[PDB]
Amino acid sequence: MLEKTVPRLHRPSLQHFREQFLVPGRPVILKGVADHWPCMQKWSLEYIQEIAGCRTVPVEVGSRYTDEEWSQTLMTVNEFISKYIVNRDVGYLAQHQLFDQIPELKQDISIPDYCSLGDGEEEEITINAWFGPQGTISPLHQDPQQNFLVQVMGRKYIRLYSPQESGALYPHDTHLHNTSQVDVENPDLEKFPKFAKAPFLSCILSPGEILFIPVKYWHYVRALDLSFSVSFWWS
């Protein structure tokens, strides 16, 4: 009823991606694109520690719903892995440009062909690593650019709402990057009534798959396993 699955397409043409997805601002999962990038066979937990273990990175801890509700700390990848993954409490190496810090890792990925349909130059695209244990929640929010979210390790549950459905999501609208006040998986419907009947797409995103999140399409993301994603912001 309220819930449909995000469509999946194998290697759709540039033209079809443009006409049926990019312009109308509709999400889709692309298959058979990021699928043989070397990172898919290579990036084990072990490999990441060997290559990146000693590098310092920002690690996020807390409810990213309000602003005071969270915090970042700078630590080595090795400290992150032992304190937040191997064995207790919740932390997330989120939204970090790891590939500018460690240029060798750039060899293991590619810029999706589909980005050339934008206006922007290729140098202008922002590439982020999202890396953390099962349970990482990134609350419902919009990004000001288009996104290809590429899953490498593990799976993620993602929920998506149209921008035309903003009213029913009760935005803070205290930031542009607007964020929602509703907990998609434990919402007080007394406090947020209109949300109940709001239509959405969802999916479970698996290794090799790419999620296209249109500019300003609302998204919520939860990691079902030990996870590593790579996002591409572009326009």
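Residue numbers count along the first chain shown, from 1. If you superpose the two forms and keep the largest set of C-alpha atoms that fall within 1.5 Å, you have the rigid core. Compared with the form deposited in another entry:
Once the core is superposed between these two forms, every option in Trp37, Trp43, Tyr65, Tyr170 stays below 2 Å in C-alpha shift except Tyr65.
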The other form holds:
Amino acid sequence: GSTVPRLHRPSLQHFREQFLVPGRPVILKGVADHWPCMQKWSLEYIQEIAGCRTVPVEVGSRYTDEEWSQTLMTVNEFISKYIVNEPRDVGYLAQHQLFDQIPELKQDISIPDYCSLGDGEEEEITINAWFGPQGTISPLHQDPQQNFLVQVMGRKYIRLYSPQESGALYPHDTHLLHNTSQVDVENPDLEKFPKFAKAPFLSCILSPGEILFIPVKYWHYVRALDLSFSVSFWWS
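Right, the form deposited in one PDB entry is done, so what does the form deposited in another entry look like?
Coming up is the bare chain, nothing alongside it.
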């Protein structure tokens, strides 16, 4: 397919009419690139401000693996065990509302102006942190809300499939995982999932300072290319 469009600070109206309403993905430049987090956030700063706090940690390459698990530890332990000391396994501080837990970190980010284009309340917006080493993989899935995924540290390779292509993505037959694809995006078993091949997609490498708008129910697949930290905003 082709690359996700990059727009420098588009007006609220242009974003509403060209991406929000028709549900098209877009990268927003010049919006979050000067949030205090962009130059302040590093291992040391995160250790100093958050190192002592308990956080949920996902262990295993993908959350669809059988030998995959969720455990608890301090931020310092996570960085030590799963980032800097030659990790033995993939650890990932994923989908954790770190900013409700640590209000001092919320100072370093903001609510994107584009969120007020929706029907939801600003404080009903779910803010999650995505902190982990190079190689963390989030398998193909969809979320029930609009998403502003802001990249702070490192880069992320992201694959996007429109909800119309849901048939060729073979969602799990479980209810519980029905929002998660059965296909390994970067190595698809075409013999078991032959329709995944002709399914068109958008993709991009998301870099620090860039915001990825993921339309509601838009399927996304995410792999960290470096030591990465992302902040997702779920809104309506």
